[PDB]
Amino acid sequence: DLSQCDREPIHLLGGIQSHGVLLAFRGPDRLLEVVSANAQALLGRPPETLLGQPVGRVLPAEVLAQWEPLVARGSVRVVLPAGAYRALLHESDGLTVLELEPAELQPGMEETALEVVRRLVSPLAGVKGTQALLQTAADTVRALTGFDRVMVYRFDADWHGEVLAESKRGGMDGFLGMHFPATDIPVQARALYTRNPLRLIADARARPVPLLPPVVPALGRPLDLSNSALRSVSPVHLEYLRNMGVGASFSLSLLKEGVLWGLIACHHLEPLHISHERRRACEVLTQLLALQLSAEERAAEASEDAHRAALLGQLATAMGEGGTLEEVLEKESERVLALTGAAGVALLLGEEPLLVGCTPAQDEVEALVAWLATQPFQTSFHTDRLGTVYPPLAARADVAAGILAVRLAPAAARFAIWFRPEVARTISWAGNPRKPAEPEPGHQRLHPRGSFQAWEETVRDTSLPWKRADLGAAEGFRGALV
């Protein structure tokens, strides 16, 4: 259900967080289009005052002369009196928006950065697990920027998600694992993330400063301030940081193959600044988890479906050692129950069901196969909510929860299905998971939570997942029987 958590158009508000410089260019005489109320404490003149006029009469040697390589390169180094700010510019509406903001100072970066990166890619990164991949990312970002707590909050199925890391200064709180809403990083904000990796809400205690003059003439709405290394970000997300204990919340975003995954998310007690170049090399490490993820949750399969096949290669040479349908589906479906580690399986190869492991009684099954000739799939329907499809076989939530359809033939109920059950689970939310975002009488003006204190919920009457190798252990066993 779309809501104004999603609705509300967070690219175009009134640009930028108060340490910036947007001076923007309709046409070939540059000309100053959308300026910045905060433009008098760099430059020397007020903005209004050169809003109508060229970059001949605006920019100083420093930034101006390297307006050439701006185009050429993407980044340049204006080192004008105030110290050393950045620049960064792309095309907008009819706009060559020069951005521009503070610079890094230390040679650290390469040396710091590197010693850091070779942590997150050693001789063999994954000797004791994937947690140890996840975490180092966390460790290194919090130790590469210089922070307190960070995390690995990944989305799942619902676009829900949970934090899967922690590195800290013994004396904050956290959010260690705890599942907490899908009504946070919503579709308009977290789809602008496939596009615009990195954020910097930082001294997100302070106020947002406007542009000039609100509507960027021609267009109608504000600018398009989405691709801009500065976005002042919404209230709805900042009223909420203020209840959380955040001057700055960084968030370094993620992806492997043209899908999201989760974020990085660095909380800090007071507010901090990270440079174009080094929240760009933040990006180079969040990028570097998304590989070694891809790599060997992939390769895990290969390895881990040899040790599956051997269990097929066993129940195959059974086949080889004397015609014995029933009796050799009996013994080597200890090894079938364990193909997909489960508690049973009933088979309908014509007669009744020689049904073996730890499942329901014939009566129930027979009522199940009929009902299952009613459902629409090419080979194998599976479910992990046995009530949510066929609630006759609810109360069997203790040995049933999912089944593994394989139609052994066309216009027939010839089959085999098995019985995977319910499991504890304490996915723990950051307050009652029902109410995530709660407002005042009318329902147009809504605010944050103000909570996060481990209100538990019990994912229950559920089951496990169905790893690529389950689905695939079946289509090989189709051919076995035929």
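Residue numbers count along the first chain shown, from 1. The term rigid core refers to the maximal set of C-alpha atoms that superpose within 1.5 Å between the two forms. First, how it differs from the form deposited in another entry.
- Just a single entry of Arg407, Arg154, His237, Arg308 exceeds or equals a 2 Å CA shift between the two forms, which is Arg308 (rigid core superposed).
Show the same protein again, this time as the form deposited in another entry rather than the form deposited in one PDB entry.
If you are looking for partners or other molecules, they are not here, because only the chain is given.
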């Protein structure tokens, strides 16, 4: 892809986080083939001496005693001399990968998790606004994790994001309302986070633990850690966290109708480990937030659609109360404009355009119609930034930043064209977006930016976006005009 940021193979860095141990076994005899360099933390022997040994000569008796539930369930609690660990199995590169990390210490964790689930599944949840839904999600994740700061981050259409909601303990700074470049979470990270929806960085200053040997011998590259809970993340991102002053990080993918919509991101000022089962409990909260957001958005669409049909019916009542079409459309100007949330409309019904509300002048409308008659758009054309495609109205964002045009005739230049002004938007970037990274001379090592201080820009010349309900209303009104 575009950036050098996009090229780092984050699933092939060959490192795990220091609080866990990884062992990968090969074949029907379960021979140890890859092992983390710290594995004496649970094995007792130098890990290199155990490569090639079958699982029964490698793992502690306590783990072997749980082998059947581990294999059949993929996850089991094991009590080791170091304490309670969660053992996790997955498959990668033709190997069975066993990961061990400290297990949840609170027996009541799941009881607590169900209580916070009740907040997000509550009878009629989000009846205060979808902002209230986002805030409850941040608050419940903060309550369940104990992280200092929890943020709801939504990706915009160009893959840059903004913090929509924040929950944090007193005295903490935050990022509420701030925008971050698309390169802060590059394309291969977004792809990984669509498939693996959770990631914990327990200690942002800890050094990674390498795997032994550094390649899977059959493949000649490091073991694929895509599905590994212990994977050590990109060094550039660890520097980014350090530049933010963050000691530990935990994020969850928000997958809404199958696409990566955003993240819940959590920051702690000191190292902090969250158990596997507690991370999975937080995942339930994020899935519930996605479902609540979907329910509310679809309900909003249904309500908007009903309003559009009601307007079409009110306009039909007004027609045939007497008078010509032009008289009725002028008398019912507010209803005609409300069909598409517009500030003006031009109707080309055979003669000069009938201008209702705020439109460009007759000459400019006539020129736009002659241009529209050449473009290929079936029945409807819409844009929220007319000036980028139609330079004659680029300076007229006061009345024509966006248009929605519908055809009223197969070949003839007969149209209804609704108009919208620009909506200026002042946004605060977390750091200068013109300098989204600090590469070294030669552009070969790359570092994150050092500053996240607010940097203000105002976006101009773009209207509110045309909504699905606006487009349907316009198609429905074509029949009254044809």
